[PDB]
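**Q** The hints should help you fit chains P, L, E, V, R, A, B and F with the ligands onto chain H, whose structure is shown.
The residues making up each chain are set out below.
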Amino acid sequence: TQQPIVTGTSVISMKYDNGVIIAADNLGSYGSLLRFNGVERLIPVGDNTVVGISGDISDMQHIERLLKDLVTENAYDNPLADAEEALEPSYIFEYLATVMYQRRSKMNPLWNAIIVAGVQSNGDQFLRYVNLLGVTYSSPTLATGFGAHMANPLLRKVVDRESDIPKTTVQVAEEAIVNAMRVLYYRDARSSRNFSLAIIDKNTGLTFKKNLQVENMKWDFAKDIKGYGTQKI
Amino acid sequence: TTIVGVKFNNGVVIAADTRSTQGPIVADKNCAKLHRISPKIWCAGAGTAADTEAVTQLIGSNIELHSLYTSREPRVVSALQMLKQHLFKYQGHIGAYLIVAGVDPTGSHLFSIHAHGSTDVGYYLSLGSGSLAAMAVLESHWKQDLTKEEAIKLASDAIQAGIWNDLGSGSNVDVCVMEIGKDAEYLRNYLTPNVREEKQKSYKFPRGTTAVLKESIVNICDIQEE
Amino acid sequence: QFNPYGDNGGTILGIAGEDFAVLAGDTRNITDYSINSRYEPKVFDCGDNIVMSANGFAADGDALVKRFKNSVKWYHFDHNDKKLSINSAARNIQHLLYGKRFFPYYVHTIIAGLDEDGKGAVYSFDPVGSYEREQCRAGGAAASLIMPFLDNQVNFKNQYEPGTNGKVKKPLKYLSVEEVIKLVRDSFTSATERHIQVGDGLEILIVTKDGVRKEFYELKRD
Amino acid sequence: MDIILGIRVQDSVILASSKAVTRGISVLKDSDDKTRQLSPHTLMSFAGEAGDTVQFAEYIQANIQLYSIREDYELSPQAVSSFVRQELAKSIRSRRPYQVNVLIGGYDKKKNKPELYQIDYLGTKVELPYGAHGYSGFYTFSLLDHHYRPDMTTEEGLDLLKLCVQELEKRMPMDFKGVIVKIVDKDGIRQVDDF
Amino acid sequence: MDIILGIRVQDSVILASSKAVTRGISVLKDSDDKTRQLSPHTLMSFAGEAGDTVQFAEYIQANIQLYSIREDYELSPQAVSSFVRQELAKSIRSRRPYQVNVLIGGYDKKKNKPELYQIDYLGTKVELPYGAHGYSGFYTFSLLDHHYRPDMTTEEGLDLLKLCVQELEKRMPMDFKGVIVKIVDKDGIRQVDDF
Amino acid sequence: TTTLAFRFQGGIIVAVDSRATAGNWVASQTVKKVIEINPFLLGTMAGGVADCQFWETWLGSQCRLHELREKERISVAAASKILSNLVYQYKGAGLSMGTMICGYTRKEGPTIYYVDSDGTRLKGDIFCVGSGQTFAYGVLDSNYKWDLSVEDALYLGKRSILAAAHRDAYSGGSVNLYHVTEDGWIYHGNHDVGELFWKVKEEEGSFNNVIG
Amino acid sequence: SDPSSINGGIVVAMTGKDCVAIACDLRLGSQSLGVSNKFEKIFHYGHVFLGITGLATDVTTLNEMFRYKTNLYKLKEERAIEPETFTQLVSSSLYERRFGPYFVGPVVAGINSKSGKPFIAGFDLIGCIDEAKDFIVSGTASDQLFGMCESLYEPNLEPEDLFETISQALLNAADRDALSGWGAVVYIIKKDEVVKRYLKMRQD
Amino acid sequence: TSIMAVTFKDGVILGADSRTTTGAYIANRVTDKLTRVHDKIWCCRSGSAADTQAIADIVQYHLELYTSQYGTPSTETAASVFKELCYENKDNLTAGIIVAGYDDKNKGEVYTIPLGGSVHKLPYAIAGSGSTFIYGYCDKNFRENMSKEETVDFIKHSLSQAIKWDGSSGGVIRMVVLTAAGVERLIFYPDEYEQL
Amino acid sequence: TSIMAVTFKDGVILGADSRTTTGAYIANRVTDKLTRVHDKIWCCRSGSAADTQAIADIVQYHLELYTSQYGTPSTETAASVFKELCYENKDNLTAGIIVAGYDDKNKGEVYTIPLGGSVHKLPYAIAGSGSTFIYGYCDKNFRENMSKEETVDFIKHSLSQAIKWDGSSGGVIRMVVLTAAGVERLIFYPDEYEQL
Ligand SMILES: *[B]([O])([O])[C]([C][C]([C])[C])[N]C(=O)[C]([C]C1=[C][C]=[C][C]=[C]1)[N]C(=O)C1=[C]N=[C][C]=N1
Ligand SMILES: *[B]([O])([O])[C]([C][C]([C])[C])[N]C(=O)[C]([C]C1=[C][C]=[C][C]=[C]1)[N]C(=O)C1=[C]N=[C][C]=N1
Ligand SMILES: *[B]([O])([O])[C]([C][C]([C])[C])[N]C(=O)[C]([C]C1=[C][C]=[C][C]=[C]1)[N]C(=O)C1=[C]N=[C][C]=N1
Ligand SMILES: *[B]([O])([O])[C]([C][C]([C])[C])[N]C(=O)[C]([C]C1=[C][C]=[C][C]=[C]1)[N]C(=O)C1=[C]N=[C][C]=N1
Ligand SMILES: [Cl-]
Ligand SMILES: [Cl-]
Ligand SMILES: [Mg+2]
Ligand SMILES: [Mg+2]
Ligand SMILES: [Mg+2]
Ligand SMILES: [Mg+2]
Ligand SMILES: [Mg+2]
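Protein chains in written order, with the UniProt record's numbering: chain H, 34 to 266; chain P, 30 to 255; chain L, 20 to 241; chain E, 1 to 195; chain V, 1 to 195; chain R, 76 to 287; chain A, 2 to 205; chain B, 20 to 215; chain F, 20 to 215.
So here's chain H without its partners, still in its complex pose:
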């Protein structure tokens, strides 16, 4: 049993016709203090998987080392390490899920919420969640922390069920994700303007975008708001 110290906020994600998109901001909070402003919380594994992590950052860095080691281990005595016997999204997830549940079972959890996004060998979209309790679930859209409350409602208007996935393009999907990140910046007190985004497509592969910023923000209306009720000046 511990308490999380340096923490990361929401991770958000969704499926689209030819793949999956995932995003998370670059902040490492220390309670209410916005301590570290250059933290990468999306961690790619090969050219077919991206693991998004929220919660305790020391535990995140531990998980990051486990994944790095997993790649090294898979390559051992494996001539098809960059082909048929490469690491799949499903393999990477199941491994993490095993660890998370084992650690909670010893009453010493990795204080995180994790989303594994990727594309499988047969082109199928992979998107699944796991957290400190070892709880897992999949959905056309997945989000952690505040994202669960604010992002999912917006992303579910694009892809409400399974049959909406082929009808959703990558342009429409990215547009929805970027908007969700703006909304989280308006409303989450432990978020930052700077974020990273990752697309995994079955055709065009893995596109990793860094140093993105929330833009097109509405603040002008603030000038007209005066007092808390009766005040006119």
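Derived from the structure by calculation, the hints contain no laboratory data. Hints may contain errors.
Listed below are several chain R residues computed to face chain V (Cβ distance under 7 Å; list not exhaustive) [said to hold, decoys possible]:
# : residue
1 : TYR163
2 : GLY167
3 : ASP193
4 : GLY194
5 : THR195
6 : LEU197
7 : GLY199
Where a beta carbon is used, it is the ideal one built from N, C-alpha and C, also for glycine.
**A** Just chains P, L, E, V, R, A, B and F with the ligands now, kept in the frame of chain H:
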């Protein structure tokens, strides 16, 4: 509970879902959360149901007497002031979280109220357990200079977001439009996107199915003549 | 302090027929007042014509199902591909659950299938491994809503024959698979209306001598 | 205190109440009468927290006696029981509530019927053919469920009461030092001196 | 369990132990023998937490019987009492201590003297002319202080013991359902079947 | 829960209720609270549903192993002590059990042992265990004799459970009867309380307080 | 400890074609101990019926309080109180004890004598009104009652058909609750006749 | 919350962020924490929104009544009324208020009233959760008798840093200028102050 | 405690106050919080004195043994050894350490290790109770590739403010300069840095 308030060109609109819950159970499927303080001042309430009702009735009652005393149509700021001072006095124990809207001789107004007695001003507001789902929609689609039609659409869409994504909210969408120089139109069950499907089977029993011990006529009438 | 348990909601329902057995469960997965997934399968074909569901804390549910599936596999290896009977499966699950008596799997387990005489069978468990064969059992969040309805409409409880007035009971005539599916669908429609953790979708697994069939029905998403 | 029983038969009400008083480790007394006569045809037995029991009983006694003098008339058992209930229902939301449970046994001279009322410290009233407070019912109700018939004589009631006391003396851990038995009928209140 | 007494007279040791067993609200048994014969001339009575009492007594019994067979010799009461004390003194600092108090009554055949040892669950041993565990001493020691004489015969001891049990039956709240009495002397251990 | 067992001329009567509860919620009315350890041994269940089931079926495995090793039926004393010694090892860990181990052997005759999760092991003639044990004791103590016929003894047990089923909120459902002789136990049916109450009330003249 | 579940009990109400029905169990207990099988929880003031679950002392107190108030109402108004008006009176009376409430779950049922319209309503322990078209439930087996009602109920049931539906809803819900049962009563209510039926049920 | 008041040559300027939070949720991103108790006596509010609103409302009432009887009150007088409420109800209040006002006789004045209810007259004052991160900056950069433009820059830069580091602070930077010329409201948006 | 490490053109400089406190009592006013784990790898210690001493002693042992086998360790390697101790024993430790070192290949590097045991490579780092009061100042005044004299002034001015506002910080300002030229110790007394 999901309740919203949206300002527009010539007035203000408020909306609400119709779900009430006791823990994980739904107590009422078609609950009425839009309350009338005065003819053109309405408010939506979240939190403890008895408190939102009671605190609305009391201030609404005193507002009516005040209107009669002053020979003036009531103002939203008066309802706001009386509500906040009452809630502050009770130090948050009266669990009423209100969005107060209305039109009056000063113009159209939109305010929020919290249980401890703090008030806020805005063009768009949301309260309750589904306020985050609703505020996501409002922050995505809200603009300045909304029409009446556009504001109703935005308000209901913000409630729908609560209905579908928040387990504390559900069933139907109630709306109340308050335009300047017009009567306030209260649209009860403006949307009904949760009708139950026909059941597979009828559970009407054959008469005599239940075992009875005694029968007797109950005297509801008064004492009779002669 | 760290709390190793959580509640993922959901509800499940097993009914045993004369020569068949169904095990139903809603597809909604939640924490507190948020939905995690509208379609997260909860009932599983475990092989040997046995269906299983472990409702409650999903992480413990998935762990248990995973370990039972594993037990079926090793049963085949160790005993010359012998079919694991439903009664044997039930006793094995008791030991899986009781093995963690002092740090329990936080789930309500139900399994269904056919017994060795071909007749429909449903077994029900508590979190620490006690069990009992039953004709009817609902489990999980809305179990208190559904069970009474099933006492009335499956076992004809408190029902009597017209004209006799409480003297003669309603006879316990058998229910077809079509008749049972009607009662399952209505049970979940009703449960969805009054319970906030039930909704989105209903998935039914039917078990007969021919094998394991699936049926899916939409539920209200509010 | 501990055990108080009541049974309503054909023509009377019988109350049985233990004699022991224990303060902690010692039994200070073995001949305590846990009852007060409210009116000539109404008797109230009581059990609860020390001090509160007698204080409450005597207070009720004083009030009923005052009514009797003022109106020159005896209140019905039903009327007395309702008064007592209200006092306890008032008490439960007080600064310091009365921690007292009572049985009220009376004979209604108007209807010519015996009546037994069981009231707990919350002000929960029920009319019963037989009743008890505390752990007494746990042992005795099964016997009363079996043997009671509503048309028993007073002698048959006392025998059924002896069977109840014998069971209590066998299975209860505490030594309650026997019971004082009193009968309420058309002729008033009398004590059975040998039990 | 509840009451256990002991008295050492001229030529014997007398142990008296209650018969009741109570689990919570009910008296499950009224004929329980709270004692074990450790050796032909040594008897141990016991009282404490449920389960632990019998488990501890039988464990001691087994160990002494093992010694008897190995050496073909009976240990002195003093030796047995010291062994028991050490086991309890070991137990008190364990993960889960034995919650058991004992009296050991023996007749030493070497010295031709009766001996009574009182040991509590902490491993506190004292040799005494008369002893008790729990609340029993609170009632009985004043009587024993007055009447006890060391040249007492066995019959005089039983009379003084009856006076102790009568006082307990008068002033103790709990009904302990009488006592089983056993005498330890030069001829061994016997039970007084009428008491 | 109400479970009883008593020694008499014709052997042992064992009677139990069928109700299982989680708080105020009635979880099951069809629970088998009597465990058939073998054709000669019965065990009753009270307290923790799982603890009792698990460890009493386990007990049956230990008894089978005894008679495979010793070529002889296990004594009721030995069988009961295996269970009591086991639960004593777990003392403090939170097991919740109140059980009667009932049997009939040549050397012992009809024997009943009360075994309990605090480590208590008691031999006796009559025992009632559970939340409704006090109610059942009332009927038993007033009507019990050594010279009862198998028919009358069976009814007394049935009636004692009914008494407790009525009054105790955590007892009910149905009554399971067993009669234990030296050649083994004999099952005497499941009796629904819903039907048994009205039948007994009418025939016995009891429960005049209730209207029917 | 929890006041609302010391004594136990349930109440359910339903609407039909030109009629309403209200029903309750008869148990009063002290936790596990069953004390009384004649503790009726439905009362009436004129043609307006009121069921009350929860702590028994408050059930009795409130009945006596509403009899008090409805008797004064009738003297001053010169007419019987109507269901709609009584519902508001119950709410007002409960909320005045906001921070020291009666631990009860009241249910109102009745037909308006002027319009003829069937009417039911429920409350929490502090005054909030639930005015359902179909049915209202209350007590320790409210979860069970919700499940029965939600499946068994259909609109516009004739008086004699409605009796069967509400009875089966109560009976089967009570049998799954330890603190409810020990008998039951059903009231069928039409515009100018009211039938009362005691139900035969299991006594455990 | 990040709030500050700064005296300068021509008078005094109040500054504040616009963020109100319930835990980590931003309940209001466009809040107005600069509130008016008299024509040229304003205050900055930090702590409980309810408490500080209730207090400010009561003070506005007191000063309105003072004005009707005795004419315009001094800033010191306004601070004393704030103090009297905050000190006497210290057990039940969570309010950290900065009072700022402009007289012609006394010119610009600033009084800070922390949790206890004590009063401190200062050349400038900072308060709120975000103030902790700018004690160093403000102490190093403050000068007496600054110009209007310099003081606006000082407040803009200071609150910018407070917003940057404190999660409980954010949104727009509101300011209110109090001089002989009158009352001026200023607003500064994220795109402007983040690039500083 | 007020501690900081700052990279600059020629390498890196560590800075610290000298105050150790037991509640409000200053148990040591001339403490040395800049400690040596290798020739040109030092660290700043904050949190528990016992924990951070025990950790630093263990690290010095590890790096001494590393050196004997594999030659001079990198600053990154030293930070990893600190991390491994702080992360794996997070439940039992209260240690906030800044690791700073000078390679010839990598030049000046700074790694900060907060309570959790996470590692963060930064151009400069601040830590300790007194760091809170200079986030604003340090963010505004830090530039990359400063000179030695500028960096000394930056640290001197920063810790001066941290000392001024934090009661847990005080005494002398110790500094350690790490460059290709070698290791230089600097001390600055109250009379000097208070008048800044
Ligand atoms: B909403 O979720 O805020 C909703 C709106 C209400 C004003 C009609 N509130 C409720 O449903 C509340 C939730 C709640 C539960 C428990 C304590 C406090 C609040 N429900 C009730 O107040 C309630 C519960 N049972 C019966 C009637 N009302
Ligand atoms: B009985 O009431 O003791 C009964 C006996 C058991 C063997 C079926 N026990 C239970 O019903 C217990 C609860 C309980 C009630 C009263 C006294 C003691 C215990 N129930 C359970 O253990 C249980 C466990 N999981 C699900 C449901 N019930
Ligand atoms: B600020 O953060 O101190 C701010 C000032 C207030 C006058 C608008 N306070 C709040 O946002 C407080 C919480 C708080 C945060 C930090 C320190 C102290 C207090 N918020 C509220 O009082 C509040 C929150 N949600 C709704 C209503 N009121
Ligand atoms: B500094 O204040 O963090 C300082 C750094 C330490 C390495 C010399 N720590 C201490 O002075 C601590 C107390 C403390 C103060 C502030 C924050 C965290 C901890 N002091 C001690 O560990 C101490 C005190 N007295 C004797 C021995 N050790
Ligand atoms: Cl505010
Ligand atoms: Cl040190
Ligand atoms: Mg919803
Ligand atoms: Mg001693
Ligand atoms: Mg054993
Ligand atoms: Mg019962
Ligand atoms: Mg200092």
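**Q** A separate judgement is required for each hint: does it hold in the structure or not?
**A** Hints versus structure:
1. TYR163: holds, 6 Å
2. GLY167: Because about 6 Å separates R/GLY167 from the closest Cβ in chain V, which is inside the 7 Å limit, the hint holds.
3. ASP193: holds, 4 Å
4. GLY194: holds, 2 Å
5. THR195: OK, holds: R/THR195 within 7 Å of chain V, min 5 Å.
6. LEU197: holds, 6 Å
7. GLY199: Hint on R/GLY199: holds, closest Cβ of chain V at ~6 Å, below 7 Å.
No hint from the list above goes unmet by this structure.
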